[PDB]
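The chain that follows stands alone, in the form deposited without its partner chain, written as C-alpha cells.
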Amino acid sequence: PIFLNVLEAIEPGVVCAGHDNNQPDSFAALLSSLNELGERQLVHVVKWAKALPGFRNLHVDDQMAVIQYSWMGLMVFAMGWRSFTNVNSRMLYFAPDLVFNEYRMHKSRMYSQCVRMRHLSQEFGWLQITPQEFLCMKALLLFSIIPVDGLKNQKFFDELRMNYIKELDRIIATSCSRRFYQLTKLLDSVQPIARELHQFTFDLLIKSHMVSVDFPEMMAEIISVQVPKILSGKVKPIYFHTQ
C-alpha cells in the first residue's frame, strides 16, 4: 500500500486557531480567529500538497494555483472529518481551541453555511467513510478546481487527476460501483459549500474594516486575487456528476 503509506505519512497534524476562549463570543473575535486558523492551515496545506505523489510534476505556477483555488474545499472537508472523529458531527471542530456550538454558528453570521458543513460531517458517519477513503478523497479535492481556460500545463494536471481517481477506486476494491458512486457524490457536495464560503469571505474582506475583522497576509492576498476569479466564473470546480 505504497500510496496509502504516503498519504498517511504526510497528513498534517493538529492546528490550533489561537482563539481566546475566555473572551465573549462575538462576530469579530470568531471570524478573526477563523481567519488566523486559515492562515496557519494554509501553511500546512502547502507542505502537504508539495509532498503528494506526482504533485511536483505540475508546472510551478500550476502548483500554487491549484492550492490557491482548492484550499477552501480541502479545509472544509478535513474540518468535517475532524468533527466526525472528534465530536460525532455534533459541533464543528475547526480546531481544538475553536469548536463551534449552535450559539457560535449564529454569532459567526454563517449559520446557513455551518449547517451545510455539519451536514457534510454527518455524511462521514452515515456513509461509514474509512480513514483510508478520507485520505484519498481529500487528495482528489486538491485536483478538483481549475481555470476554465486551462492551466499552464493542463496535460500534467489531467494525468495526475486521473491517477488519483484510480487510487480512490482502488482502495474501494454491484457493491464497488455503489461505493464509488457515493464517494464521488460526496466529493461533489463539497463544491457548493466551498462556493458559499468563497462568496462570504470575499464580502467579509471587502467590508472587513467596518466590522473590525482582521485578515492575515496570505488570506487577504488570495481572497482578493484568486477568490474573485472563482466567483466571476473564470475558475470552476470539476464535478463527477452533472449538476
The other form holds:
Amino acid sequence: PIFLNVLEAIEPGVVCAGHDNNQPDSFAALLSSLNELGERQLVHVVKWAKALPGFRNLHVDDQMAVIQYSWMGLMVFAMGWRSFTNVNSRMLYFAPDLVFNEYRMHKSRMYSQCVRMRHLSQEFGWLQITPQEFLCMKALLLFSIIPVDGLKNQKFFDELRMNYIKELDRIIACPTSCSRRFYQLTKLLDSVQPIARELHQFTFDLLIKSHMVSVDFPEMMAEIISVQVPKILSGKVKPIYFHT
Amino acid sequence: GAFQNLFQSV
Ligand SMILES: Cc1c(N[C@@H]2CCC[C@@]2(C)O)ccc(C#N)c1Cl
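Alongside the form deposited without its partner chain that was just displayed, please also present the structure of the form deposited with its partner chain bound.
Let's see the whole complex now, leading with the same chain.
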C-alpha cells in the first residue's frame, strides 16, 4: 500500500512550543507561545505538503496558496488527534510543553473556541477513527479550501483532490458498511471548517490589536494573517464542503 | 515575501 506508506513516512514528529511553563498563565504569555508554536507547525506543514503524492504537479503559486489557506484547519485537526491519543481529549494538547487546562482556556480568552476544538477531538474517539483514516483525512483537508474564482491550474487541482478522495474510499473499503463510514468521515471533515473559521476570525482580531495587548506575532505569521486570512474572512476563498 | 522565502528554503 504505497500511498499509506508515504503518509506515515512524512507525518511530522513532536513539535514543542518553547513555552516557559514557570511563568504565570497570562493572556499575553499564552498567546505569544501559541503564535510561536503556530509558526513552528507551519514550517512542518510546508515540508509535509511538499512531500505528498502528486503535490508537486500543482502550479507552484497554487502550492503556496493551498498550504496558507488550509494551515489553520490542518493544525486544528492534528491537534485534535494529539489530544485524543495523549490525554483522551480531556485537555487540549497543543504541544508537550503547552497543554491547555480549563484555566488556560479561560485566560487565553479562547474558551468557546477551545470547547469546539475539544469536541472535534472527542469525535476521533466517538467515531473510533483509525490512524490510516486520520492520515488520509488530514491530507484531504489540504485540498479542501480554494479561491472562488479558482486556482492558477484548477484542472490539476481537481484531479489531485479526486485522487485523494479515492484513496480515502480505498482505506474504508480495506457495501452499506463502507457507505455509512464514508458519510461519517466526510461529515467529520466538513466540521473542521467552521472551527477553522472561528480560529481565523479570532487570530485576525488578535493581530489587529496585538500591539495593544502585548501579544507577539512572528513575522511570517503576521504576513499570512494579514495577507491570506482576510481573503477567507471576506469570502474570496472558501472551503469545499462535501455536504451542502 | 516571508512565506515564499520559507517555501523555497525548504
Ligand atoms: C489553534 C492553534 C493555534 N492558534 C493560535 C491562536 C491565536 C493564533 C494562533 C494561530 O497562534 C496555534 C497553534 C496551534 C498548534 N499546534 C493551534 Cl492548533
